[PDB]
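Participant: Residue-level listing of the chains:
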Amino acid sequence: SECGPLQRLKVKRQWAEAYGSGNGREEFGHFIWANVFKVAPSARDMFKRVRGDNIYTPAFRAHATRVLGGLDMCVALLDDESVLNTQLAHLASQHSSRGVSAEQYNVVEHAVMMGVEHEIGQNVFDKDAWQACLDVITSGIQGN
Amino acid sequence: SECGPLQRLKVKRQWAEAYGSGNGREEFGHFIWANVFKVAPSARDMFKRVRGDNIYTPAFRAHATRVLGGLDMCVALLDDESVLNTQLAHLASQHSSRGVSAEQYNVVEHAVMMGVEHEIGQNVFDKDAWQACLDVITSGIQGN
Amino acid sequence: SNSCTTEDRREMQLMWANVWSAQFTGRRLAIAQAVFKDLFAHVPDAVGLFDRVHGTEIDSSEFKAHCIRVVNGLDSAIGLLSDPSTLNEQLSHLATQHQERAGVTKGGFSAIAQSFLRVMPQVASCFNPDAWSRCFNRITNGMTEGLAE
Amino acid sequence: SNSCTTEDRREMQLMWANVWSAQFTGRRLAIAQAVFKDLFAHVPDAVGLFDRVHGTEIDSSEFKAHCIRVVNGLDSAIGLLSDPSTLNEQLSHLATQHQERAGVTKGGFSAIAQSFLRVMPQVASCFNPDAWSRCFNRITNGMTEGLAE
Amino acid sequence: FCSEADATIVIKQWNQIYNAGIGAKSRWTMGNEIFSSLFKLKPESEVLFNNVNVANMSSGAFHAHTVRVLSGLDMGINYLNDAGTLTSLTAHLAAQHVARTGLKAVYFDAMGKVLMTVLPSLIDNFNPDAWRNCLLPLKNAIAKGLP
Amino acid sequence: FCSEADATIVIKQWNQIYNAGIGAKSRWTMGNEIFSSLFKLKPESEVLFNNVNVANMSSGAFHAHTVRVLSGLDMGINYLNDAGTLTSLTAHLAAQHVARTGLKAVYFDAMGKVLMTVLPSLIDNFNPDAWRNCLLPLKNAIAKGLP
Amino acid sequence: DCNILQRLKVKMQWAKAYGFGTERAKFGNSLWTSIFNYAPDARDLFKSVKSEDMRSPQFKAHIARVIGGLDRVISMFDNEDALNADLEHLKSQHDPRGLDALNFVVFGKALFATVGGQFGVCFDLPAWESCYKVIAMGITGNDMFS
Amino acid sequence: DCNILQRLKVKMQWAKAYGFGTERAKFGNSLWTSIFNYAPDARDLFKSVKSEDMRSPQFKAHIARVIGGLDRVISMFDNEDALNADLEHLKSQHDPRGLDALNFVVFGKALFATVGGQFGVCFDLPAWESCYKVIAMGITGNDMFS
Amino acid sequence: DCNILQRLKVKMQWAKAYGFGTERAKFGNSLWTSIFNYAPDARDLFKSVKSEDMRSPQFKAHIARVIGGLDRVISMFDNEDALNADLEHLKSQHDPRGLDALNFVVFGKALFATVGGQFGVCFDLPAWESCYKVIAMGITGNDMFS
Amino acid sequence: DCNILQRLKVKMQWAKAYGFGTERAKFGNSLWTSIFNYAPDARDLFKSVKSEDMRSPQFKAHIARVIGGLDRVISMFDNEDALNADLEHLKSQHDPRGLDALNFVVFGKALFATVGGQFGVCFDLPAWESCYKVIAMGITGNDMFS
Ligand code: HEM
Ligand code: HEM
Ligand code: HEM
Ligand code: HEM
Ligand code: HEM
Ligand code: HEM
Ligand code: HEM
Ligand code: HEM
Ligand code: HEM
Ligand code: HEM
Ligand SMILES: *[C@@H]1O[C@H](CO[C@@H]2O[C@@H](C)[C@@H](O)[C@@H](O)[C@@H]2O)[C@@H](O)[C@H](O)[C@H]1NC(C)=O
Ligand SMILES: *[C@@H]1O[C@H](CO[C@@H]2O[C@@H](C)[C@@H](O)[C@@H](O)[C@@H]2O)[C@@H](O)[C@H](O)[C@H]1NC(C)=O
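Chains as they are written, first to last, in the entry's author numbering: chain B, 1 to 144; chain B', 1 to 144; chain C, 2 to 150; chain C', 2 to 150; chain D, 3 to 149; chain D', 3 to 149; chain A, 1 to 146; chain A', 1 to 146; chain E, 1 to 146; chain A'', 1 to 146. A prime marks a further copy of an entry chain.
The hints are simulated quantities; they were obtained by calculation from the structure and are not laboratory data.
There may be inaccurate statements among the hints.
[Said to hold, decoys possible] Here are the computed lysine-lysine pairs in the DSS-like style, where the Cα-Cα straight-line distance is at most 25 Å:
#, chain 1, residue 1, chain 2, residue 2
1, A'', 50, A'', 133
2, A', 16, B', 12
3, E, 133, E, 11
4, B', 127, D, 14
5, A', 16, D, 27
6, A', 26, A', 47
7, D', 27, A, 16
8, B, 12, A'', 109
9, E, 11, A', 16
10, D, 14, A', 47
[Stated by the list, open to error] Taking beta-carbon pairs under 7 Å as the criterion, some of the chain E residues facing chain A' (in silico):
#, residue
11, 25
12, 42
13, 45
14, 46
Ideal Cβ placement from N, Cα and C applies to all residues, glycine included.
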């Protein structure tokens with residue numbers, strides 16, 4: 001599927017519901033990263049500085065806050081090609097020296113998708129739109 | 001992390017909430033052992049006498065009741081070094097002829113931890129305190 | 002009828018929860034030790050049944066750990082009164098644990114039943130002896146199936 | 002007391018949510034750009050601190066992306082006011098991001114604080130400047146721990 | 003002192019680990035951890051507790067001291083919404099401390115950092131800002147007049 | 003007979019597997035399982051049902067017998083809270099059984115164990131204590147006067 | 001009449017109006033209050049169960065047996081073999097009483113009024129008239145119910 | 001008296017009737033309203049804390065310290081060492097005041113009425129009489145509390 | 001002592017804790033539950049009224065007689081002639097049963113906890129202690145209650 | 001005036017006070033009740049849409065088009081190109097009607113009162129005065145709205 005103008009609009013509104021104002025954000029981020037580390041326990045080592053061993057710590061919850069804020073900026077920029085590419089390049093440099101595999105970006109991608117679906121319900125979740133538009137985001141964080 | 005006096009107090013109160021008075025105990029024990037046997041299906045054979053094949057049976061629910069009661073006695077004794085060691089030694093003899101691996105004690109350990117978190121919420125669950133103080137308990141059930 | 006009714010079950014779990022300490026053995030240990038003190042002072046030859054857990058030394062760590070086990074087993078049974086299917090299985094496990102021990106009979110349980118009937122009003126508020134003993138007996142009935150009189 | 006109270010925290014999240022756009026940068030970009038326009042017109046030497054993101058060209062894609070980052074970081078902090086444990090960690094991360102940069106001091110944050118105090122009533126309904134600045138300062142206090150005056 | 007909503011948070015998180023239904027063993031366990039930590043930040047202050055047998059922190063005398071310290075702290079917490087009474091309660095606590103020779107106000111600063119350090123290990127969702135907004139007015143009101 | 007809360011449990015768990023909205027095929031399926039089990043515990047009693055063609059338990063006559071047995075059991079269950087009427091209902095059922103030659107009270111004991119055995123296979127969260135407290139007074143009141 | 005559809009319809013509406021627990025006794029009391037009001041002479045036929053006092057445990061017991069009989073017969077509406085066998089059994093109990101068959105007509109009227117007044121407007125009276133005929137025919141054998 | 005069971009019983013019923021937050025001050029105000037009503041002469045003993053106005057922050061502060069003292073002492077009921085040590089500490093504070101021990105008897109009556117009136121019918125008055133004796137004995141040393 | 005003012009207070013607090021209708025039965029059950037919890041051995045003294053089962057009609061009749069005796073005695077607290085006539089009458093019914101007068105001390109404790117737990121915090125325990133003594137002295141004649 | 005912040009502010013408060021569904025028609029009816037009350041002479045200008053009866057489907061249709069016009073114009077406040085293009089389109093429709101520009105001033109007053117009376121106290125009247133000028137300027141071209 002393709003991340004066209006319509007899919008970007010749907011993803012935008014569905015993200016706003018899942019991400020919310022701030023009250024369910026701690027649970028939202030927890031659900032995502034409990035999934036990431038379950039599917040890929042080996043990924044924990046890259047998060048040594050932010051207590052990847054214990055995602056219940058305030059240290060890691062702040063990291064999950066930053067990750068979600070990064071997704072929020074990209075989703076909000078999905079209708080702004082030029083600015084989105086600039087922000088995606090900034091995220092790319094933030095991960096450049098960390099050796100993040102393409103397999104791991106897909107793991108977090110799936111966790112983000114299970115988390116939004118868990119937050120808004122399988123009844124409305126648009127898997128094709130979300131898969132296509134997160135691909136656009138992750139692929140820009142990997143350079144290409 | 002270390003299972004010091006403060007962590008023992010936190011674990012005590014968090015266990016009392018999760019274990020409760022008796023109404024949610026059947027669901028509490030079920031959640032734990034559905035996790036144990038999912039992560040390690042091979043462990044079922046050691047529970048032949050108590051219907052490890054079918055954790056819905058009254059036979060196994062009574063076994064889960066005994067396990068939780070054993071944990072309750074240890075948690076309640078975490079502030080009583082001398083008596084706790086006596087009870088832990090009693091649990092050790094109850095498992096001596098069963099060949100329980102150190103890997104399996106960690107599986108049940110993780111299931112107990114996911115069950116308490118599922119019962120009280122990820123929002124309050126103290127992973128470091130629970131990991132450290134269950135280590136003290138399991139390590140005493142294994143002799144050392 | 003003298004049967005442990007649904008009503009009697011609710012009342013016993015209330016009498017028990019209003020005394021039980023969910024975090025510290027201090028209240029459990031006190032009740033249990035007080036029960037066996039009563040039992041030993043009424044049944045002198047019973048102390049020798051607990052030679053293994055230092056029954057003569059009620060304040061030893063060995064008998065403290067045994068008291069906690071007894072009270073834990075009673076607590077599990079009182080809670081399982083809400084689920085008699087599972088309760089029946091648990092009471093069978095307790096029965097075989099009290100089986101194959103000479104001196105452990107149906108007469109000692111009637112004695113400890115009186116022990117609880119004297120200890121509990123001293124520590125429990127709003128204690129109902131009628132509703133308590135009807136379900137306590139219901140519990141001991143499963144614990145003494147294959148025991149001598 | 003001038004302390005950011007639980008009350009003040011609720012009010013700020015209301016002042017912020019009634020302006021924040023959850024789906025489109027149009028409202029975030031406008032607020033942010035307006036803040037730095039105010040900051041630059043009051044602190045002229047500040048523009049050179051953002052040489053890297055084209056501070057002189059407020060409508061460039063590079064500074065648009067920086068504005069979005071600043072507003073995203075403020076949004077995260079305002080939301081984390083409900084969870085100060087995590088908030089304290091996040092404010093430390095922001096502090097080291099503003100550290101090791103000559104010209105970035107505690108005086109620039111007092112200036113941008115006034116910038117927000119002039120921008121926000123123009124776009125926010127029911128704006129409370131007292132409750133806003135008490136918690137805005139609480140936020141900047143963590144962001145300026147190891148900074149020069 | 004501090005706002006009603008902040009005070010409500012502090013009071014609730016305090017009853018969670020401290021109330022009338024809690025055996026004294028956990029009371030002096032917390033007290034021993036608190037004071038042992040105070041003697042690690044300010045070793046000079048351990049000499050001030052010689053009258054209550056600080057030499058043996060397992061003694062009945064020192065257990066009782068920590069119990070009445072935490073009880074006084076509990077008393078201040080539970081009167082956060084009665085500012086007039088809290089003023090009198092803290093004024094009395096101040097007199098009980100100014101009279102003690104060797105006490106510096108910095109020792110109460112150190113106690114504050116000990117409380118901010120220990121309590122999160124004990125309390126679910128410990129709110130350090132609501133606790134700071136309320137404890138710091140308490141700390142100063144008890145250390146008011148101290149060197 | 004039995005307490006109101008116990009009776010409430012029995013009645014609810016009974017309507018779960020037996021009510022007016024249930025086709026008779028499941029009615030005699032349960033009846034066939036119940037009586038086949040009774041003939042396995044007490045084979046001597048199968049001769050007593052010769053009048054309703056127990057030889058063929060798929061016959062219309064024996065299906066009808068089990069249906070009216072379960073209907074009578076249903077009638078007693080649904081009057082557990084009307085003790086005066088249940089006394090009359092069980093007195094009538096007793097007369098309908100005392101008159102039958104060859105019936106021992108032990109046969110009703112065996113039927114009780116069959117019910118306690120079969121019903122958990124059919125009923126969600128079967129409560130054997132609430133059922134014992136209520137069925138045993140029913141069983142005795144129907145077997146009252148039996149040899 | 002009383003085809004298979006009407007038999008299912010009757011089973012549906014019966015289960016609803018009959019209900020659970022003590023409502024069953026209220027239905028039964030209403031059914032018999034109607035019978036004795038439709039035909040006051042019929043009351044003297046039930047002195048063996050103390051119809052002198054419809055609140056007595058004796059008559060309450062009779063009510064329960066009767067409506068329990070209706071329920072089991074209606075439940076077997078879809079199986080001719082079991083149905084006729086039980087109807088024959090009811091006939092062998094009622095025949096020695098030498099009952100005027102006109103009272104089974106009265107019973108039917110009271111049953112329709114009670115079920116329909118409990119079930120509501122969607123009561124299928126023709127189906128209940130047809131399928132009650134099948135019941136009264138099996139118990140009495142009278143061609144008045146043909 | 002005041003065995004270990006009665007000490008636990010007293011700790012239970014105290015925690016319930018004492019409650020949390022502002023209810024604590026209401027309990028304490030009731031306790032002292034009773035003391036001054038039982039013995040009006042006792043009020044003049046507390047002019048150092050402004051018993052002239054029981055609503056004043058001075059007397060409210062006194063109430064808090066006293067009931068806080070009861071709570072900590074009751075909390076240490078299960079540890080003799082800490083208990084007696086704190087009771088000795090209370091004795092050293094009350095001895096220089098030269099208090100008639102008959103007022104500690106009055107205090108006990110007012111405490112029983114307040115706790116029992118707050119806790120309800122299941123109040124164990126004998127246990128509270130026994131275990132208060134232990135408290136008043138430690139503070140006064142008077143064998144009136146033997 | 002129990003002076004006229006204390007008699008008025010007790011009459012007023014009794015009337016209120018006692019209540020109307022089935023509240024009296026519930027009041028009475030609590031008093032006797034407390035008595036048998038305060039002294040389990042005293043229960044065997046009441047086999048004449050089936051104390052084995054406290055919800056039995058025989059024991060509920062005894063409860064009603066006892067709290068009925070309390071009510072009428074308390075009501076006559078302000079007439080010495082009538083009051084002493086009834087206490088003498090109650091003494092004549094109790095004396096040939098050889099009761100240990102210490103059980104009347106236990107009874108008073110349970111009465112205080114029951115009335116007080118029902119009436120609330122403003123229960124006057126000194127008033128009730130002194131006036132119950134007058135009752136227990138009138139019934140037992142034991143100068144224990146002097 | 002009417003900077004980008006005021007344009008966002010106006011878009012916010014408009015969306016809130018405008019609402020969804022039938023409330024939209026109630027807002028619109030209130031807006032036009034105010035216009036005709038502020039300037040009764042303006043009513044005769046709308047006989048082509050049956051302003052003779054503001055409840056008629058003809059005038060209700062006119063109300064919908066107008067407030068729909070406000071909504072789309074306010075929605076384009078952040079895009080000059082689309083905004084001016086639509087304002088030119090509205091100007092080409094209103095110019096042949098030869099409307100006194102003083103009625104667009106009246107329209108603005110009625111709009112402020114309706115939005116502010118629906119939105120509440122936090123209504124930003126200066127921002128609405130500035131940004132309505134931009135709208136009326138685009139439709140009329142009159143420098144009265146400068
Ligand atoms: C797919 C969308 C992702 C987003 C939106 C995202 C966002 C972020 C952000 C905003 C930061 C903060 C950087 C800083 O402030 O220094 C960060 C840090 C980091 N991210 Fe990601 N990230 C993504 C994917 C991943 C993946 C898939 C991995 C590894 C499997 C990863 C590993 C890391 C690491 C190791 C850090 C450094 C944390 C630290 O030690 O401070 N990221 N990420
Ligand atoms: C880690 C905490 C554990 C606790 C508190 C615990 C507790 C208990 C208790 C109280 C019993 C009852 C013994 C008796 O009454 O005879 C029991 C039985 C048993 N446990 Fe554990 N246990 C733990 C760990 C494990 C693990 C990790 C395994 C295997 C992976 C295990 C395997 C068994 C088996 C096979 C039995 C015998 C059941 C039977 O056949 O009757 N236990 N446990
Ligand atoms: C409600 C009453 C009772 C309960 C709930 C109870 C429960 C228990 C439990 C849970 C154990 C631990 C078994 C194990 O860990 O393997 C135990 C052990 C034992 N009990 Fe009981 N019991 C009760 C009454 C009695 C009585 C009345 C007697 C004797 C007259 C008795 C004699 C024993 C003995 C001899 C042992 C084993 C000694 C040992 O484990 O070191 N129990 N009981
Ligand atoms: C509430 C106020 C502020 C917030 C929330 C904030 C937040 C942020 C954030 C999130 C970044 C992105 C860092 C990164 O992506 O690595 C950033 C960058 C930066 N900020 Fe701030 N900031 C604030 C105030 C200020 C002030 C007052 C100054 C200077 C006087 C300043 C100077 C800078 C600089 C120089 C950079 C890095 C340039 C670049 O990334 O290209 N900030 N800020
Ligand atoms: C929240 C903090 C504190 C509270 C609420 C508090 C309160 C109290 C209380 C109630 C007492 C006993 C008064 C009595 O005798 O009736 C006490 C004793 C004392 N406190 Fe504080 N205190 C606190 C912190 C400190 C600190 C930081 C120090 C520094 C050394 C200190 C030094 C002492 C000393 C020396 C005593 C006397 C010990 C003795 O009896 O020999 N306290 N405190
Ligand atoms: C809950 C248990 C039982 C109930 C409610 C019950 C009730 C009934 C009822 C209602 C009937 C038909 C009465 C009629 O003709 O109108 C019946 C028939 C009969 N029952 Fe019972 N019964 C029960 C158990 C038993 C048992 C254990 C036996 C032992 C053999 C037994 C033997 C019979 C016999 C022989 C008949 C007569 C069959 C015939 O018509 O030829 N029943 N029972
Ligand atoms: C569909 C209609 C009817 C059904 C299903 C029915 C069913 C029953 C049943 C189940 C019994 C109890 C048999 C027993 O256990 O001994 C009974 C008894 C009886 N029935 Fe019927 N009945 C119906 C109509 C009538 C009518 C219309 C009359 C008379 C006008 C009648 C007269 C009697 C009498 C006199 C008894 C016995 C009374 C006694 O035991 O003293 N029935 N019936
Ligand atoms: C169990 C009973 C009692 C307890 C637990 C208790 C406890 C206390 C406490 C904690 C203080 C505060 C000490 C301080 O911080 O300076 C105090 C002070 C005092 N108490 Fe007691 N008390 C009890 C009974 C009594 C009685 C019966 C009297 C007199 C009839 C009394 C007279 C006083 C006085 C006069 C003060 C000091 C007033 C002042 O500071 O001006 N106390 N008591
Ligand atoms: C303190 C106030 C008491 C009052 C007002 C009271 C009143 C009464 C009354 C009215 C009766 C019924 C007399 C009759 O009609 O035969 C009665 C009976 C009796 N009372 Fe008391 N009583 C009191 C205390 C006690 C106590 C403390 C005990 C023993 C512990 C006691 C033992 C008995 C006994 C054994 C009976 C006979 C029960 C029977 O009829 O079998 N009374 N009392
Ligand atoms: C911001 C202010 C206004 C807006 C957005 C607006 C918008 C509109 C719209 C959308 C139409 C429908 C065009 C069509 O589909 O044919 C219309 C028609 C019309 N407007 Fe305006 N209008 C405004 C103010 C006014 C004022 C102040 C007047 C006169 C005092 C006026 C007079 C008319 C008339 C006479 C019509 C046509 C009536 C008809 O169709 O018979 N408008 N306007
Ligand atoms: C410190 O105290 C420990 C606890 O013992 C209790 O307190 C002491 C002060 C005595 O009063 C004793 O009777 C109590 O049981 C002792 O176990 C420990 O040995 C003491 N340490 C030293 C160095 O004496
Ligand atoms: C037993 O009955 C089975 C069911 O058939 C039905 O019942 C019998 C009694 C007849 O009335 C028949 O017309 C019914 O359809 C038979 O299928 C089966 O063959 C019978 N078994 C024997 C041995 O005859």
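Participant: Take the hints in turn and mark each one as holding or not.
Facilitator: Here's how the hints hold up against the structure:
| no. | hint | verdict |
| --- | --- | --- |
| 1 | 50/A'' / 133/A'' | violated (28 Å) |
| 2 | 16/A' / 12/B' | holds (21 Å) |
| 3 | 133/E / 11/E | holds (15 Å) |
| 4 | 127/B' / 14/D | holds (23 Å) |
| 5 | 16/A' / 27/D | holds (20 Å) |
| 6 | 26/A' / 47/A' | holds (21 Å) |
| 7 | 27/D' / 16/A | holds (20 Å) |
| 8 | 12/B / 109/A'' | violated (37 Å) |
| 9 | 11/E / 16/A' | violated (29 Å) |
| 10 | 14/D / 47/A' | violated (34 Å) |
| 11 | 25 | violated (14 Å) |
| 12 | 42 | violated (13 Å) |
| 13 | 45 | violated (18 Å) |
| 14 | 46 | violated (20 Å) |
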